[PDB]
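The chain contents come next:
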Amino acid sequence: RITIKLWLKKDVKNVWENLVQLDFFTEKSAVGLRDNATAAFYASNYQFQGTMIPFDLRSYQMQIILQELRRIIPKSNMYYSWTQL
Amino acid sequence: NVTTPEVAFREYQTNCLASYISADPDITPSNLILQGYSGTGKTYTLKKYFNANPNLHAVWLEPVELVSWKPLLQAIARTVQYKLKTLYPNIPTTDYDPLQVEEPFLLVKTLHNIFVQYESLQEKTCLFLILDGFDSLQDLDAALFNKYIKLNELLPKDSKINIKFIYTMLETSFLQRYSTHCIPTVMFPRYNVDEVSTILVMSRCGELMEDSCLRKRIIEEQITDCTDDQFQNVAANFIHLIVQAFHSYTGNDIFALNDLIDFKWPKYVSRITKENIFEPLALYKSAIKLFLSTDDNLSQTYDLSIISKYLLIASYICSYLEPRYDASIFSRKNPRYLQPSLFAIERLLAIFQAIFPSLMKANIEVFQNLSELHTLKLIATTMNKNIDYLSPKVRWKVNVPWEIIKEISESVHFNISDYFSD
Amino acid sequence: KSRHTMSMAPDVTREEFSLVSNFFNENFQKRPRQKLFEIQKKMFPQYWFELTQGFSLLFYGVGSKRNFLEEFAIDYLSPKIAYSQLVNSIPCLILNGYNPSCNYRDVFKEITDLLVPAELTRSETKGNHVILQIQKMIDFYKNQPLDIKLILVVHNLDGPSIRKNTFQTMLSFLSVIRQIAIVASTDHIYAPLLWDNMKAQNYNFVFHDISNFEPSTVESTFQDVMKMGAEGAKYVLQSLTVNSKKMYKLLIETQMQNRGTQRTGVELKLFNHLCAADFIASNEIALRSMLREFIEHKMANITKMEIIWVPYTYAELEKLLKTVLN
Amino acid sequence: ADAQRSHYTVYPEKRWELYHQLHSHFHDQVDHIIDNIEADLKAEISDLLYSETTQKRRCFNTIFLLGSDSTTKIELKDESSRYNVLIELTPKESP
DNA sequence: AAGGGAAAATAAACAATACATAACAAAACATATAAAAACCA
Ligand SMILES: Nc1ncnc2c1ncn2[C@@H]1O[C@H](COP(=O)(O)OP(=O)(O)OP(O)(O)=S)[C@@H](O)[C@H]1O
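Protein chains in written order, with the entry's author numbering: chain D, 425 to 426, 447 to 529; chain E, 2 to 299, 319 to 353, 372 to 395, 412 to 476; chain B, 258 to 343, 355 to 394, 397 to 498, 506 to 535, 547 to 592, 597 to 618; chain C, 16 to 27, 55 to 137.
It should be emphasised that the hints constitute simulated quantities derived from the structure, not laboratory data.
The beta-carbon is built from N, C-alpha and C at its ideal position, and this holds for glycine as well.
Incorrect hints may have been included.
Simulated restraints on C-beta separations [as the list claims (entries may be wrong)]:
#, chain 1, residue 1, chain 2, residue 2, range
1, B, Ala564, C, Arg20, 53 to 63 Å
2, E, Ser348, D, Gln493, 26 to 36 Å
3, C, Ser136, E, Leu107, 25 to 35 Å
Residues of chain B clear of chain C, computed beta-carbon distances all greater than 10 Å [unchecked claim]:
#, residue
4, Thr270
5, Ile447
6, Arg547
One side of the interface only, derived from the structure: several residues of chain E facing chain D at Cβ under 8 Å [stated by the list, open to error]:
#, residue
7, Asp140
8, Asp142
9, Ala143
10, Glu172
Given the sequences, and given the hints that come with them, work out the whole structure.
So this is what it looks like as structure tokens:
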């Protein structure tokens, strides 16, 4: 529609790492914090399956929905046409 | 009244931490939250306060070098009697066993034993404990953080020495679980693109002008007597450009900038000239090649044998090929993105016998390469890794992405993209 | 879906099954079985010679091999090798893999006591030191005089405990030692799924077929099918009060008046009145308490009228009628 | 009789000699080649584990041994006035 | 060569089964101390 550096595959992972620990995403079925000690200790011994599928297929879900992004992102930014569908 | 320090971008936050901390215990609030993500220098700006305040006494603990709460109590009780030995050496002591404690009663049992012999002091002195990294404890839960809040009130309140806390944690979803306790919080904001570069220049000038990789390149080239300021400029021209060609890749980190500098620095040093010391813009034009690549990745043609190669190429087929379609399209007469489905045994050899170049019948080495592929973790069990041999209910699945399959298809001259049809 | 089912079969009791089974397995194909056993007997010097090379010998084939291994290991080989080295003969340590109670700790505690305790190996006993303790056994055994001192047998190597993966790698390090000969048998059709090129490097397996089509007498014992409930509550009624027989007889009649499913069942109120009609049930509590005894041994079901129905088939209840109730 | 109890122990050539002079003689050539690669693998780790003096000196040295069979044993130098210990972590001991 | 028409494919609603993990139990692995029991002496 017009000069923007499209990045590779091998680098977005480094950006994808901070996004999940900025809690903008969640894992699909992940009980976050156990209530007491012995319920957490029962979750530590349990070997998991989501790590056994690779990094690029852990089914990440959403914390902040699309429609709310339009209200916070200003219209001066170029991606404002992408907030709405 | 306290002697505040001064730092670069914590001008509001130095005031509040000078506000919420005094040497007097009565003015000192009990519990405190320093919150922010990694990449704000909270461990920096806290100790930077403490070096400017030699009047108070700080005991520094580190939860991240511990693993659990049961040593964490042993971490606390060992250190306070260690500290109070080095603060009041005239006071005699029945030294207790810090190995003895393992339960949250036993701490306040022992702190009832510790502080009573120290009752003869002259004024109410406070004593600040510091926990650094409370969210990344690797056995945390809901009912640990409140367990450490009320520890002050179980202590006798009239003792000459009062223990108070400061908690360092991150992941602010965690703090939203405990806002109803209303303990005073000092949040630490993230950074902006200028103040990342502004922090980074005043912290990395002390090494990158004094590195021998510069100092070699000084005497290796015809050294004009360039000043330290001339060394300061090229260092500053380096930092003001490296954050400009990489900020979108790294975000507002500081740690991820502190090492990418130390990877691209000597490769930048070799591409300087004697003349480009005065010529910075053309120097970037000569050293361009590193500024558009990441250089953090230290695509294999895989080691496995030929029959094991076709063993892999049949296992990728049941990422899309369901049993309703496969036996029709593979007669002897799109989920490329999606997560892979679940195998069973002998559906492999159902597809393996078909796609192999009657030419083969012995399957001893074919059974060899299966558990060879199981040790490579390229095809793994759905269940635990124990009973998968004897055919009970065991489902199998690949763990290799599409591209490594695509190269290994052509590596054995086999065509796979025909049989994937949306 | 009109399917013929194992419930609709002429069933056979305990003593009737096992005796006529014992008749076949000792008289069906007796002459050709020892006729096979004499044919394979000439292979026995060939096994003796290869086994000096420390080769882990593995026997596959259809049928049970348990009798054949115990003849080949005990009587033939173990005194033959002791005579050929020059006194008690070579110790045989079998491992019953069909027995699921085999662990890794207990059998290896036998092994280090079967092998030489020349040093204080209990000092290295510390917390999994099993691979640690056998590693100190291996490198010492690399510089010893080459002679077999032990032959071990592992029957049914695909057994329920031996096929566990931490036990399998334990046997892998044993096989690289030259002093011990490893003669084992498996029965699974997916037995070579158990080993990669790492373990077979430690194993150097060779293979031989033995197919005598044996009945596996001992190996059938731990296994079970529906021969081994309609048969469960068949014995409890033989020891109860005499009134429970009658109140089950009145139960079984109108529950078979109409497979034995829910729909043929009876309501609780009328059945109370029916068992009040023959001067049997006083009230609901005296009915239900000796009906909880039929409930506690899962001899009757209830679903919703308030329908109590027997979960046995149409054919089974008339068998329960004419035999045990009458 | 006893077969349901698990693991009960019990205590019950002109041609071939010309094989015997050939077999072991071959096997002396085998294992001497086996210790050659055993001395090879033990050497190339040992020099490379040392003499690597980096400038930052706040980083561990890592070594990726590609293609290795997960059984490669290592010896260490004595290197007095400092103890040098070896720790092995199995994936069985990684819960 | 045309064409019938049965095999194969698609879709959709519904039922039945498998799967991932939570919660826990139990056995192996580990230490501690007062009471018994040998045991020199
Ligand atoms: N105002 C400042 N002046 C100078 N250096 C600063 C300033 N703020 C941050 N830094 C630097 O930022 C670095 C980050 O240190 P940290 O405290 O570890 O960062 P962090 O956000 O605390 O992450 P952690 O360690 O996981 S809590 C410090 O080592 C300082 O060198």
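Hint-by-hint comparison with the structure:
1. Roughly 57 Å separates the CB atoms of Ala564 of chain B and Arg20 of chain C, a value that falls within the hinted 53 to 63 Å.
2. Look at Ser348 of chain E against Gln493 of chain D: about 32 Å separates their beta carbons, and that is inside 26 to 36 Å.
3. Remark: the range hint 25 to 35 Å for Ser136 of chain C to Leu107 of chain E is upheld by a beta-carbon distance near 31 Å.
4. No Cβ of chain C approaches the Cβ of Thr270 of chain B within 10 Å, the least distance being about 23 Å, so the stated non-interface status holds.
5. Distance to chain C confirms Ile447 of chain B as a non-interface residue, since its nearest Cβ pair spans about 14 Å, more than 10 Å.
6. In this structure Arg547 of chain B is separated from chain C by more than 10 Å, as the shortest Cβ-Cβ distance comes to about 38 Å.
7. Proximity of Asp140 of chain E to chain D holds as hinted, the smallest CB-CB distance being about 6 Å (cut-off 8 Å).
8. Annotation: interface hint on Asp142 of chain E holds; nearest CB of chain D at approximately 4 Å, less than 8 Å.
9. Of the supplied interface hints, the one on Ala143 of chain E holds, with its beta-carbon coming within about 5 Å of a beta-carbon of chain D, less than 8 Å.
10. This hint holds: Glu172 of chain E has a C-beta 7 Å from the nearest C-beta of chain D, less than the 8 Å allowed.
Checked against the numbered hints above, the structure violates none of them.
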